Amino acid sequence: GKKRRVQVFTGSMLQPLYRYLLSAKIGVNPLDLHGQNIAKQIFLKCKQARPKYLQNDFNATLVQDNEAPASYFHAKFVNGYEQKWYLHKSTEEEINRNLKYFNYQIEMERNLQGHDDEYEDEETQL
Amino acid sequence: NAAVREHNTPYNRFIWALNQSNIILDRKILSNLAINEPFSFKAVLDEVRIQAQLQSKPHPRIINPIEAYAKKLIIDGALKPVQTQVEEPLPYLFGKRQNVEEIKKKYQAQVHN
Amino acid sequence: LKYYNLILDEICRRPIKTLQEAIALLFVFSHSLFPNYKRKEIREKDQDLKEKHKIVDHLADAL
Amino acid sequence: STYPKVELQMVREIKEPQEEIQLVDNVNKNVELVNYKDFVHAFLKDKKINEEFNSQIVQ
Amino acid sequence: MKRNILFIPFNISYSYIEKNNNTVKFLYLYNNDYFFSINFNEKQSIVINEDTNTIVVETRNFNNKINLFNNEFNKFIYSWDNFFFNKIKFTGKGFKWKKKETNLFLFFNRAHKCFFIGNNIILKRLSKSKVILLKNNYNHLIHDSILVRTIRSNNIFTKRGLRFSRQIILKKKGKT
Amino acid sequence: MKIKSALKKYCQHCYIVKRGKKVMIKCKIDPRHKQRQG
Amino acid sequence: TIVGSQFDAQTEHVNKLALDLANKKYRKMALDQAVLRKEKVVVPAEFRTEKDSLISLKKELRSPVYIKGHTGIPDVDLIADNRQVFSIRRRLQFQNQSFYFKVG
Amino acid sequence: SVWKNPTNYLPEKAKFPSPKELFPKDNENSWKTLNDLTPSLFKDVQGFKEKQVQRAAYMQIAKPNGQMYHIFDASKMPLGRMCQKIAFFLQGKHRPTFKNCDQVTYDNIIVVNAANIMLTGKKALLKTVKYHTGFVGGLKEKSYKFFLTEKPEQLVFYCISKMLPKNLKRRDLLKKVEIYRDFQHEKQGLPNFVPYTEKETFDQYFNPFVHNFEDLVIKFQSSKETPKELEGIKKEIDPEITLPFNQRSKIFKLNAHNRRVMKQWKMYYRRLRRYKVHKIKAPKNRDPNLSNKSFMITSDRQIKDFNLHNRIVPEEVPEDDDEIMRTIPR
RNA sequence: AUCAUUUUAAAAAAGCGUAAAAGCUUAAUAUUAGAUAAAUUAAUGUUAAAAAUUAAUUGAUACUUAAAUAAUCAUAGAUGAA
Ligand SMILES: [Mg+2]
Ligand SMILES: [Zn+2]
Numbered sequence: 059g060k061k062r063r064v065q066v067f068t069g070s071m072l073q074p075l076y077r078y079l080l081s082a083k084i085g086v087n088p089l090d091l092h093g094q095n096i097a098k099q100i101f102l103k104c105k106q107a108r109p110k111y112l113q114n115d116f117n118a119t120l121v122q123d124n125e126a127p128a129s130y131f132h133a134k135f136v137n138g139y140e141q142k143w144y145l146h147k148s149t150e151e152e153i154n155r156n157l158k159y160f161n162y163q164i165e166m167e168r169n170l171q172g173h174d175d176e177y178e179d180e181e182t183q184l
Numbered sequence: 058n059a060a061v062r063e064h065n066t067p068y069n070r071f072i073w074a075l076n077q078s079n080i081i082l083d084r085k086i087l088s089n090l091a092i093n094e095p096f097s098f099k100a101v102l103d104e105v106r107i108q109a110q111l112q113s114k115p116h117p118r119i120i121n122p123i124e125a126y127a128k129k130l131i132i133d134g135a136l137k138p139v140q141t142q143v144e145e146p147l148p149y150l151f152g153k154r155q156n157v158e159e160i161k162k163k164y165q166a167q168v169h170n
Numbered sequence: 320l321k322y323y324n325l326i327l328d329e330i331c332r333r334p335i336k337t338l339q340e341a342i343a344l345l346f347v348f349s350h351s352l353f354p355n356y357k358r359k360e361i362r363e364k365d366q367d368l369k370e371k372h373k374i375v376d377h378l379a380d381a382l
Numbered sequence: 121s122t123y124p125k126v127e128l129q130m131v132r133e134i135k136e137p138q139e140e141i142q143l144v145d146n147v148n149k150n151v152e153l154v155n156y157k158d159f160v161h162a163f164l165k166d167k168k169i170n171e172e173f174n175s176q177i178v179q
Numbered sequence: 001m002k003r004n005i006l007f008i009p010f011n012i013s014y015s016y017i018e019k020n021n022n023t024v025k026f027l028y029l030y031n032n033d034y035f036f037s038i039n040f041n042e043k044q045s046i047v048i049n050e051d052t053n054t055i056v057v058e059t060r061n062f063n064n065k066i067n068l069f070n071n072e073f074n075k076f077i078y079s080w081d082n083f084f085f086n087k088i089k090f091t092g093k094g095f096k097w098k099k100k101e102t103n104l105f106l107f108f109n110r111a112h113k114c115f116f117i118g119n120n121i122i123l124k125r126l127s128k129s130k131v132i133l134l135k136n137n138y139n140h141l142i143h144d145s146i147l148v149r150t151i152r153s154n155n156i157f158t159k160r161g162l163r164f165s166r167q168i169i170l171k172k173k174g175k176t
Numbered sequence: 001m002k003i004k005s006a007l008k009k010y011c012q013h014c015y016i017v018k019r020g021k022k023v024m025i026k027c028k029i030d031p032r033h034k035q036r037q038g
Numbered sequence: 026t027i028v029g030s031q032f033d034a035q036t037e038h039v040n041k042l043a044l045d046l047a048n049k050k051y052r053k054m055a056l057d058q059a060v061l062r063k064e065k066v067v068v069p070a071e072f073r074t075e076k077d078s079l080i081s082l083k084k085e086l087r088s089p090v091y092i093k094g095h096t097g098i099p100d101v102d103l104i105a106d107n108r109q110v111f112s113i114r115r116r117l118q119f120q121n122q123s124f125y126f127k128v129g
Numbered sequence: 028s029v030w031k032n033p034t035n036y037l038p039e040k041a042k043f044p045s046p047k048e049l050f051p052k053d054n055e056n057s058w059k060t061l062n063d064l065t066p067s068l069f070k071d072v073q074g075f076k077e078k079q080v081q082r083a084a085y086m087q088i089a090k091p092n093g094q095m096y097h098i099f100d101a102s103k104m105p106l107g108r109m110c111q112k113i114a115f116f117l118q119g120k121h122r123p124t125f126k127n128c129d130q131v132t133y134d135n136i137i138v139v140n141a142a143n144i145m146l147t148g149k150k151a152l153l154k155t156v157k158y159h160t161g162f163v164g165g166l167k168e169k170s171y172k173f174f175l176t177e178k179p180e181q182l183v184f185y186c187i188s189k190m191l192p193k194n195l196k197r198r199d200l201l202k203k204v205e206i207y208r209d210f211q212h213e214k215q216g217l218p219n220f221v222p223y224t225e226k227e228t229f230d231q232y233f234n235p236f237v238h239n240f241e242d243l244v245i246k247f248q249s250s251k252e253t254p255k256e257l258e259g260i261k262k263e264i265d266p267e268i269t270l271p272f273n274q275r276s277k278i279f280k281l282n283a284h285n286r287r288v289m290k291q292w293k294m295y296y297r298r299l300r301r302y303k304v305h306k307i308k309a310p311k312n313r314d315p316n317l318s319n320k321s322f323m324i325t326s327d328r329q330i331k332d333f334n335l336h337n338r339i340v341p342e343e344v345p346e347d348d349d350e351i352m353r354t355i356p357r
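Protein chains in written order, with UniProt numbering: chain F, 59 to 184; chain B, 58 to 170; chain W, 320 to 382; chain P, 121 to 179; chain R, 1 to 176; chain H, 1 to 38; chain C, 26 to 129; chain G, 28 to 357.
Careful: at least some of the hints might be erroneous.
[Said to hold, decoys possible] Pairs of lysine to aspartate or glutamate residues, derived as EDC-like cross-links and limited to a Cα-Cα distance of at most 16 Å, are as follows:
no.	chain 1	residue 1	chain 2	residue 2
1	R	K130	G	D347
2	R	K128	G	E350
3	R	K113	G	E342
4	C	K76	C	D102
5	B	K128	G	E225
6	C	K63	P	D166
7	G	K31	F	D174
8	R	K43	R	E18
9	G	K261	G	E241
10	G	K251	G	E241
11	G	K157	G	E168
12	R	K128	G	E343
13	P	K157	W	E360
14	G	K178	G	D209
15	R	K25	R	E50
16	R	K2	R	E18
17	F	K110	F	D175
18	W	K336	W	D376
19	G	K290	P	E140
20	G	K290	P	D145
21	G	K246	R	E50
Bear in mind the hints are in silico, worked out from the structure with no lab data behind them.
With the hints as extra help, turn the sequences into a complete structure.
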């Protein structure tokens, strides 16, 4: 047909979720039924996803811990932050806004240090 | 059509009964009555309502004006100068923790019950 | 289906104290089952059986 | 004695709808359901085929 | 149904209250400094998680304004003991600025003066081609950040001029 | 912009927006696709 | 296909059911194209009147009906619902099948 | 031995640095001007409907003379309906001793609160008043927006003159009409409408401090830290809030019934956009000295007119090169 | 020409794209969570079964055939709303 000539760039507004992570540790009870599968999917998005938008030292794992109270998603960020989120009651959507509540701040911490943690504009167009 | 609305019927339903009714009277006299002989007008108006089994009623956006005073809708004397416009009462509750005990007393005490 | 349960829910309330009664329920409940084709396509597993043993557990003593 | 007289402004009464919600018991909470279709019967059932439409479509 | 989600930060701690009559339901947020309450109709049902500090809402009333109710509620709480942030850049030859105590001096090929003066903001320079703004309200920020943008913006032919650090940029060929 | 009584969508990205009695089309790719109804 | 090839080789013998079944339908149809099924169909309906005009019916979503008769027989014209009519098409057998109309 | 939900498992939750910890020696008002909060959403969202208040609109008074008085408050009925009955009472059409050939009229009119006027709909903004002034061109249109703010009193006096019969008796009638902007009239021996200044406090719905603590109950609480500002209330914690809507007993379930209701609620909110009050927004000042926002001193004349030599930094002062910090405290 | 295989599914492709290549998206599809599937009519009296039931409607959702109703816009002239 016709050739586009206006190039709309959307690389700088790209904000993936697992990008400021250094590690991860899935925890599973075989007695959960809602807290197992939620952690199944996260472990894929940590490895099935793309490595550009992750750190270089990102290592995700999975362990079956019968001793735990509930299946968990432990995580560790760059600048020191560390948390755990049990999964017998939650959703995959309630988790992501927590990750934004960290990832939105680490920018406010690292930009002040001078670090450009942003992407080129030419990475993804519309 | 204006002397009869003091008695809370309109013209149309008045004469509608007048022809139903036994009475022969003209629109001429009923004018002269309501001006010059008003008591007999209300007399004539009553049986006409009754022989037709009609039932008057006032318009429902009327008040017995004494009731209007009692509800503070209205005052006979002069008015006062209006106060400064109070800030709009918010739909949400907000403040600082350091003043809660001071704020509790105002809301508790005044409207405790 | 909704009203067979009302019947059997009632029979689970009225105990039987003779023997001709229990015979008079098996011979009737036999022919008068609720077929599976009238039931829905999606349903609790083997729910036709659970309709039975409410009776058969209610009869097993007397017979 | 009718002309001390007072009348009022106008009150708008808009009505929320009258049909109300139907809440329902949770019965299939901890239950797993399965289908009981027989694809054998479903295949054999000879249903209408729009042959007249299937002819024009050919060209 | 869309089941909207209410985030709560970690610094905040909350409670939930009802009558014996059960005809009233309301909720109470409380911090070291502030405190804030808001109710829920009889037609709004609610779910809570301490695991995430998130609250879930259904609405039998089917009011579409709630999607705005969220963003106000969410940002009004994160507006307590946290900033919002933004970053500005430029790329060009005869361009510069100078910074003196939240008073930014702009020289982008214009005959007139171009002072920027910040009432109740924070502005801290990280390099010649970069500056961050910080403020607790997001809506004043953009009005504060965009005035800088309107002096020069990105040419659609070359990415020369100012821009935000996260934005949709346009480009068009020229002089092949 | 160009005033088309009969509006029309050229690319899939075109979409409609209504500001009061006002109607128009806009595109995120080709800003020449946009229109108005008058 | 839906199972890996390595498992299908173990179960290659199973597919006789596939082909042994298609014997049954396609032969059954091929010989049952000729015969009318023995199943009675009925259509409740109402008489015609000069009152019920077309557009009156057509907001009520009824439909007129017309019958042409044969030697010595009178014609008959009736009223019925639309969804009856399309359901009468929706059989295989519509080109010839005998349909009844119960007025009373 | 099977899945039982735990009771006391929650870990610590990481505390972030505060702006004081991170940016001392800087303007406190940054982290104290909180985000805007539109009230008008709430009263629509969380279901506050003001009680229907039904104040007085007009009034008829007689005297031992023949003279009658007709009084109106233009903030309570619309403009037209106020203006129809004026022309019906100013003549004597309710007076059965009405001859239209009368050189004398014992009917007097008063109006009050002409500043605030009721106009149903989007009419205060769009409708206009036109006239021509003898000269070519001419044809001056004017908006209600001009009258309703600056001189709203021609308008009430202009619409009356259009309903009255076009004749020579008009001026004698319009000589007997009086209008006021305030809530008073200056006549004495007559009454005055009481204004309605109150505004409903909806405080009983979203505030425990209004209710007595023994009527209330706590169903849920986050921390073991209990506020001292909340003391005396029971704690009957539900096992039911934290359950999502599937794990409950009653589930709201989309269905032909509720979806039928959904569409009724949808029309309700479209059927209410029509019954909405529009307002003349006032003119505006843009004094940079008043606003809490940033601004520009593009030119020099913006300095003198506003005396902004202060906030401008002098030129005889050093600058700031780079303000990076590596370590972020905790 | 429209075959065939591997796949849980994937068109000798319904389209954009290239000097030709590369690259992008739909159809078809999976994991996880949320989530629609509800109401009925007519038949052989009772004996087959580690087992299997026909013809047919209305309705919720998506795809699809499409039409109708209601409002809005669809430029206006020449002494001045006209
Ligand atoms: Mg191929
Ligand atoms: Zn377009």
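Each hint tested on the structure:
no.	hint	verdict
1	R:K130 with G:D347	holds (13 Å)
2	R:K128 with G:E350	holds (11 Å)
3	R:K113 with G:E342	holds (14 Å)
4	C:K76 with C:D102	holds (14 Å)
5	B:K128 with G:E225	holds (14 Å)
6	C:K63 with P:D166	holds (15 Å)
7	G:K31 with F:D174	violated (47 Å)
8	R:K43 with R:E18	holds (15 Å)
9	G:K261 with G:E241	holds (8 Å)
10	G:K251 with G:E241	violated (21 Å)
11	G:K157 with G:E168	holds (4 Å)
12	R:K128 with G:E343	violated (21 Å)
13	P:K157 with W:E360	holds (6 Å)
14	G:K178 with G:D209	holds (13 Å)
15	R:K25 with R:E50	violated (19 Å)
16	R:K2 with R:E18	violated (25 Å)
17	F:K110 with F:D175	holds (12 Å)
18	W:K336 with W:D376	holds (15 Å)
19	G:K290 with P:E140	holds (12 Å)
20	G:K290 with P:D145	violated (24 Å)
21	G:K246 with R:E50	holds (14 Å)
In this structure, the earlier hints numbered 7, 10, 12, 15, 16 and 20 are contradicted, and the remaining ones agree with it.
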